[PDB]
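J.: Generate coordinates for the entire structure from the input sequences, incorporating the hints supplied.
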Amino acid sequence: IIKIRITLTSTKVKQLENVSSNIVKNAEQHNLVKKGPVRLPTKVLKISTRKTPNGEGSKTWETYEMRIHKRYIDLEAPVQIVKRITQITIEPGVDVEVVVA
Amino acid sequence: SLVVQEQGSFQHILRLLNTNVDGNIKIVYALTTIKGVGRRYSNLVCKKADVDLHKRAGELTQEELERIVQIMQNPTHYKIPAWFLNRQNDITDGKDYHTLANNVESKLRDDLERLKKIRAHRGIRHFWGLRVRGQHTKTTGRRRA
Amino acid sequence: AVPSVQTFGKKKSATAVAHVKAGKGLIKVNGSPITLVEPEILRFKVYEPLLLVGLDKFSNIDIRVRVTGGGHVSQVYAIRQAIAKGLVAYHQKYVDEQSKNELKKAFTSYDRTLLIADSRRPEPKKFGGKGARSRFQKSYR
Amino acid sequence: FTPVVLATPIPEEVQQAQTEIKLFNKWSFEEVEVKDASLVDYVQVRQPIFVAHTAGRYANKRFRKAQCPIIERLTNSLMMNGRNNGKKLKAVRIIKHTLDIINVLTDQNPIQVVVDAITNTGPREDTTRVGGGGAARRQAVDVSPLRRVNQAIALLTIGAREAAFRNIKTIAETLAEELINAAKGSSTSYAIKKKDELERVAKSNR
Amino acid sequence: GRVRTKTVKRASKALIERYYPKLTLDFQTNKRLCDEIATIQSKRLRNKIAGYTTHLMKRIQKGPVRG
Amino acid sequence: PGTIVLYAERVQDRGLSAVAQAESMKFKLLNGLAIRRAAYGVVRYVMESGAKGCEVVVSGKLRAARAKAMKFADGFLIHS
Amino acid sequence: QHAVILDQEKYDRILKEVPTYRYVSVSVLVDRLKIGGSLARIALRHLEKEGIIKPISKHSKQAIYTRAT
Amino acid sequence: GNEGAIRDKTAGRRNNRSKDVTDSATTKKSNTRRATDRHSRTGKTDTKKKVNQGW
Amino acid sequence: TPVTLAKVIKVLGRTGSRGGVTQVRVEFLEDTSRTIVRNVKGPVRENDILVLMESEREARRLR
Amino acid sequence: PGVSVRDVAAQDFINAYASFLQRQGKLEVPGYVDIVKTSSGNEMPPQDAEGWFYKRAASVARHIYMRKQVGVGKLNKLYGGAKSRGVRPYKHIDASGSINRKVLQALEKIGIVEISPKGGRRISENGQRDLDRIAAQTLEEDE
RNA sequence: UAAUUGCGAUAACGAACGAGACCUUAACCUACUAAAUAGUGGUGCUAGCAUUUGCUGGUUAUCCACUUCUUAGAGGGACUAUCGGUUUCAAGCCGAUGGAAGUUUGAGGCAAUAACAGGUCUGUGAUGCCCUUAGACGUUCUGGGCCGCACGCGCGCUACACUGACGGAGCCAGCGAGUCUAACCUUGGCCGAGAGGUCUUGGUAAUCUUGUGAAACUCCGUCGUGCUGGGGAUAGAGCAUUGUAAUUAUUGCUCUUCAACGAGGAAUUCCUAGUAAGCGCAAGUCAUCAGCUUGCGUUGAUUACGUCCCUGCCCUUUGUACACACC
Ligand SMILES: [Zn+2]
Numbered sequence: 019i020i021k022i023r024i025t026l027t028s029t030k031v032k033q034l035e036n037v038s039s040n041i042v043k044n045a046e047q048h049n050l051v052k053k054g055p056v057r058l059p060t061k062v063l064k065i066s067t068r069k070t071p072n073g074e075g076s077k078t079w080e081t082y083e084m085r086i087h088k089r090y091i092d093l094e095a096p097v098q099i100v101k102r103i104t105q106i107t108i109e110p111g112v113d114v115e116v117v118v119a
Numbered sequence: 002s003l004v005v006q007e008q009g010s011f012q013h014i015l016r017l018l019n020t021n022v023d024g025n026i027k028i029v030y031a032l033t034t035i036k037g038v039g040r041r042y043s044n045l046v047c048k049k050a051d052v053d054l055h056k057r058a059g060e061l062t063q064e065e066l067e068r069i070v071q072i073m074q075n076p077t078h079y080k081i082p083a084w085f086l087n088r089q090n091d092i093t094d095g096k097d098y099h100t101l102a103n104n105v106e107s108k109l110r111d112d113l114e115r116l117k118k119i120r121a122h123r124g125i126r127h128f129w130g131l132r133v134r135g136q137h138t139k140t141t142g143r144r145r146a
Numbered sequence: 003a004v005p006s007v008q009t010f011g012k013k014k015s016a017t018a019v020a021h022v023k024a025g026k027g028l029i030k031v032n033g034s035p036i037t038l039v040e041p042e043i044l045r046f047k048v049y050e051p052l053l054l055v056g057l058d059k060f061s062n063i064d065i066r067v068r069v070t071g072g073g074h075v076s077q078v079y080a081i082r083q084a085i086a087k088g089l090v091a092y093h094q095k096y097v098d099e100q101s102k103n104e105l106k107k108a109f110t111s112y113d114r115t116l117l118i119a120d121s122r123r124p125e126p127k128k129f130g131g132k133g134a135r136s137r138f139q140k141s142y143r
Numbered sequence: 020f021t022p023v024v025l026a027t028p029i030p031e032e033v034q035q036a037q038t039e040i041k042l043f044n045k046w047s048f049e050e051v052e053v054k055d056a057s058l059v060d061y062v063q064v065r066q067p068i069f070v071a072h073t074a075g076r077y078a079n080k081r082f083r084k085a086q087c088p089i090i091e092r093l094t095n096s097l098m099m100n101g102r103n104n105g106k107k108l109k110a111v112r113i114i115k116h117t118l119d120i121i122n123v124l125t126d127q128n129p130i131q132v133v134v135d136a137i138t139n140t141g142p143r144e145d146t147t148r149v150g151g152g153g154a155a156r157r158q159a160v161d162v163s164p165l166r167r168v169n170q171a172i173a174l175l176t177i178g179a180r181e182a183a184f185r186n187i188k189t190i191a192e193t194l195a196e197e198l199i200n201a202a203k204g205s206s207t208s209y210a211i212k213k214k215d216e217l218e219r220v221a222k223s224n225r
Numbered sequence: 002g003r004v005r006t007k008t009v010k011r012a013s014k015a016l017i018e019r020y021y022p023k024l025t026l027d028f029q030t031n032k033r034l035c036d037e038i039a040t041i042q043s044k045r046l047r048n049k050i051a052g053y054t055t056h057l058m059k060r061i062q063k064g065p066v067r068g
Numbered sequence: 081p082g083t084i085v086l087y088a089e090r091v092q093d094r095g096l097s098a099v100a101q102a103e104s105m106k107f108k109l110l111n112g113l114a115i116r117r118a119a120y121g122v123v124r125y126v127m128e129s130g131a132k133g134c135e136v137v138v139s140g141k142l143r144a145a146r147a148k149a150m151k152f153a154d155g156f157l158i159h160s
Numbered sequence: 037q038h039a040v041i042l043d044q045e046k047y048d049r050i051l052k053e054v055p056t057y058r059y060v061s062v063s064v065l066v067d068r069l070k071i072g073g074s075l076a077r078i079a080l081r082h083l084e085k086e087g088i089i090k091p092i093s094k095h096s097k098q099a100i101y102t103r104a105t
Numbered sequence: 056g057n058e059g060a061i062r063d064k065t066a067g068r069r070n071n072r073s074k075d076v077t078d079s080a081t082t083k084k085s086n087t088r089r090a091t092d093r094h095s096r097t098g099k100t101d102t103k104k105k106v107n108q109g110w
Numbered sequence: 005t006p007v008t009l010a011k012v013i014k015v016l017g018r019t020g021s022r023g024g025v026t027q028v029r030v031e032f033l034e035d036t037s038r039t040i041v042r043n044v045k046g047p048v049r050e051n052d053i054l055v056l057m058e059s060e061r062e063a064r065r066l067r
Numbered sequence: 002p003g004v005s006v007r008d009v010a011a012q013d014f015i016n017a018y019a020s021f022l023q024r025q026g027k028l029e030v031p032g033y034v035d036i037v038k039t040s041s042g043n044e045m046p047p048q049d050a051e052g053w054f055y056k057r058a059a060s061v062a063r064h065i066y067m068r069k070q071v072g073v074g075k076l077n078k079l080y081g082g083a084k085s086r087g088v089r090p091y092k093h094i095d096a097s098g099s100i101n102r103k104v105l106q107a108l109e110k111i112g113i114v115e116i117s118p119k120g121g122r123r124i125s126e127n128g129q130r131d132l133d134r135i136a137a138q139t140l141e142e143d144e
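Sequence order for the protein chains is SU, SS, SQ, SF, SR, SD, SZ, CS, Sc and ST. Per the deposited numbering, the very first residue in the first sequence carries number 19; after that it's consecutive. Per the deposited numbering, the very first residue in the second sequence carries number 2; after that it's consecutive. Per the deposited numbering, the very first residue in the third sequence carries number 3; after that it's consecutive. Per the deposited numbering, the very first residue in the fourth sequence carries number 20; after that it's consecutive. Per the deposited numbering, the very first residue in the fifth sequence carries number 2; after that it's consecutive. Per the deposited numbering, the very first residue in the sixth sequence carries number 81; after that it's consecutive. Per the deposited numbering, the very first residue in the seventh sequence carries number 37; after that it's consecutive. Per the deposited numbering, the very first residue in the eighth sequence carries number 56; after that it's consecutive. Per the deposited numbering, the very first residue in the ninth sequence carries number 5; after that it's consecutive. Per the deposited numbering, the very first residue in the tenth sequence carries number 2; after that it's consecutive.
By construction, these hints were calculated from the structure, which means they are not laboratory data. Watch out, some of these pointers could steer you wrong.
Only part of the chain SQ face toward chain SF is listed, based on derived beta-carbon distances under 8 Å [as the list claims (entries may be wrong)]: (1) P41; (2) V55; (3) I118.
Only pairs whose alpha carbons sit at most 27 Å apart, straight line, appear in this in silico BS3-like list of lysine-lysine [stated by the list, open to error]: (4) SQ:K127 - SF:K80; (5) SS:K48 - SS:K117; (6) SF:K41 - SQ:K12.
We put the CB at the ideal spot given by N, CA and C, even for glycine.
T.: Quick look at the structure:
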């Protein structure tokens, strides 16, 4: 019966949301405390650069944005139940890291 | 409360170290009007020579004026730090000086002449009269007169 | 016990959280009495809901305000909005509707909106100029 | 007067004065009437104000600036030139000082002297431009009351500025003496000199 | 300014033409009706449809339209 | 070794793939088909395979020194 | 150029032009009699220490004073 | 080099200011190849069958 | 001096080559039926009181 | 009926506590109190030479009371100013770390501040006690 | 109408692209879900003053409860809403009231037919052809230059001061960024006027730097209209950091030197509300160097809700011997 932390992050919002729904779902048929997920502020990777490949024309700029979304859920679970969750729940793009402490 | 009731010994423009010192301005800025010496060293000289900071140049008469002048000619003996003077580790002696009213121009021209005689690029630039610090003369420096 | 309520006030970036409870009747900002806020000219501006309402309505409440963000004018406006909202929320939840409605009448009669945040927000800056609408000077020659 | 003393002090001076009447700092916003017609509904003195610092939206629609009370307009016209484009807390301090100098120069109400100054320096007949092939002739034209009030305030503050750029006299003293002369037009105020040259050139060009 | 476009005008005229008895004179009810009897894909567009529908219904109950 | 594994797929709806169309026209132009010929081949192939709009903008110099760009459009294309 | 040191003729003047006008300030003193500012401020401090003038308000930029009654 | 540079009587800001200024400093431009750009400069006229046999 | 207090009824239109001189319909607060056109420099609504020193100009479009 | 430094005004308290610390005087100021400019962002040394360090001491004491734990870097950031870099625009440069650390350790050898865990210095029981007593005498200074 | 935006008139009737719609963001939510990586209240222990119960604190897990304030998933909310007036009585516009919001709700992203002999061969192992290809026009090492100065032009920064400068005191943001098979952001302590240096500490980051305790700003003092304590340009000496290397000052700090400018001619730029303007901060290139640019926040106004007078662009009607299209 080990108390672990499970942090997920991605750039794809709805894929991340259904991953989190799957995690809270399976925790809730096998209840541990309740542990609803907590929402970090979204990190906006801004990259600003020139439109023009050369240095001619009207000086116009661009701002590309990456959005990083990150959530965490705590689980207090045996070993086989931890392994079943962290190996069954898997989707592309969403990087999930599981830590013991 | 600092009204001064003195009548006769207030004096007009006075003399200290080959300079016309204004007699109706504050003592720190009259020392600033003395050449070779600026505001912060003037204030330190007044505070340290125990001269009354609050008032102009009419009193702060002779005996503190010679205390003032001796503290300028030999700052180093009385706990003025070495970094507070204008010239240190000088040229051929290494002991720390402060140049005053005429010695400042005499000795700035002297070390300019020193580097001119060592035939430095700084010397050639000063001889030509162009900008001796690294500066762009392409666009500025017009109308030297 | 402790019949308390929590309200807020929002200027451009200042948030002021005001805790209003039923006690002896004191009024305080950031652990200090409000007669000690330092713009020293907007002392009347923090006095505004006090002197609109009346001291007897303030004579039985303790309001404590915690203050974050924004410049000093943003602080004083967030305080004023937060304590006016605290008065109207306490009077809504504990006392009579004519009392709160007459106070709303006074507030909207004198109002610099007094209870609702200014929707004015700083628009983002565009390229080609150092301001939101101003652009760099051109020469043509 | 029924003061209520709390743990926090809330001093009795502001207690009594601003519980009894919504003043200025300490100045009555009643008993003030616009001495002349043609300027009512625009010079807003019917609603009292404690301090001219208000976050009021005035430039959205047509004439919410005409709805705005006049003392804030005096501050926001004192706000000009690039040295102090921004410092209206300080401008409010200046305006309070001007009102005090008004009180010491004359016992009457400082908002009333402001009203009298605007009334006596609103320019009654301006002159507009016409194409007019040749010398580009101009033609006289009367002025809407809000433009009257606006140009009046502009003349007040520009006269104070030009008379107090490089002088020992402060902005508060200069604006106060300009306000006194504009209340009693004595052919000394910059605002009424500008008004008089406007009427003279318009009467000549009509 | 606030000129309504061909999309909202065309949809509002078709809806008012074929659904006159069920429509009401209020915006809230009418926009719920538009939600149910139209498979519209945009929320702000839905509100615009309902607003022009309500205005045209006001004009219908006041008098005849030439449209 | 063993931490990455490749896999393959036929691409369902192979007709409505823009990179596939560009690759096919690279192939036909390398074969030496006429520009007009082959480009109409792709536009009609896309429209028959079942898209809602298609366009090709072959652009460059072909036989003259001057370079033009003739646009073969068929179907319905949003642009904003 | 002005006079910044009270030579007692400016002193017994300012003692007899306290009642001549109403509005006392630094610039008012400077224009009414030629005193170089700082001495006028010292005179204001002396006169508020013992007031034949009363304060309407004090400010580090400007001080507004009226006669005693 | 060094001694010649310091002993050259020609060099100096004062001598440069003594000399006058030419008009090429205040001339503006010669934009001939932007004034005439529609007209072909290669001279290679594009011909009908090249266009047809190509595009 | 014959100062005249006027009262606008309707606005006629924004004449002026640059487009600032508004034409309005002034009554003169003494006779309901005595009215005339006026050219005004500033911005104008209904129900405001203007002032005239010459009430006999009767002007028209400015070029 | 309840006294705190929050309940007393800033300027009058800071002046009264400066005068109080002048009247005791056990501060052991460093020797270079007249040379310094209190920051590299200044150009003139302080005017009131006889009490500028003690006004600084009163200021630091009030800051330590109002906050949990701050250090010399935070004090330099607070008492820094705008540096006039000539023709270049102004910039925020921190204050004089030497005189800030000297006033911190002067208050420490008085016994007003102490070393707190996780770094920094925090207020002491007797420092807060005498600060509250002076906050009192400033509250009941009314005639 | 912002709009070929829509009414209407009507040999046209229906449509499609562009506009709009759409998306992203800033506004509102006491409504759901939450949260020791965010706060709040209370219960312990403890400090002080008053002790008359209180106020101010601390307290990494002493525990409980909550989500108003922080975050954002699902949603809602505004649609010129209601009324009055005008209009072809329509499209719409003006005002009032309500509401967080009545400027296309503010601001962007993408943006049709097309062209231009517009710019880039110096971004590309994208490139045809040409030139060169070993005394190389390839690559690599050393040094210099790109910064050189009689002068002309363009973008900016500091200023010409008291609506200020100088010294203390008060304290107030937001956008972000930050190190593994290496040397990032640096807290705290200690030395030093300062710049900076040494011991460590924390952070792969809502955890720490950091509440980025920023500047402008407020109060109290000094200065008193003087080329002045405005201004800090030129200029000399020393102390440090970065880097193999600072000389042609890299940059920072200290002292000294104290120029011109007293508001700017002809002209001309930008701008309609959290706007101009003032004021700073972060990121980019970075070992170092920001007077630049991109974003953000603080303080925050005047005047107008029009017109074709000027200047550009569009459409229509006209004229054409032009169609490579007035080059
Ligand atoms: Zn590539």
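J.: All hints are to be evaluated individually against the structure, with a verdict given for each.
T.: Consistency of the hints with the structure:
1. A least Cβ separation of about 7 Å between SQ:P41 and chain SF falls short of the 8 Å threshold, and the interface hint therefore holds.
2. Because the closest C-beta pair between SQ:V55 and chain SF is about 10 Å apart, greater than 8 Å, the hint is violated.
3. Hint status for SQ:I118: violated, given a least beta-carbon distance of 12 Å to chain SF, over 8 Å.
4. For the suggested pair SQ:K127 and SF:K80, the alpha carbons sit about 24 Å apart, so the restraint of at most 27 Å is met.
5. Only pairs whose Cα atoms come within 27 Å are accepted, and SS:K48 paired with SS:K117 is rejected, the gap being roughly 40 Å.
6. In summary, the hint linking SF:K41 to SQ:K12 is supported, as the alpha carbons are separated by about 25 Å, within the 27 Å threshold.
Hints 2, 3 and 5 from the list above are not met by this structure, while the remaining hints are.
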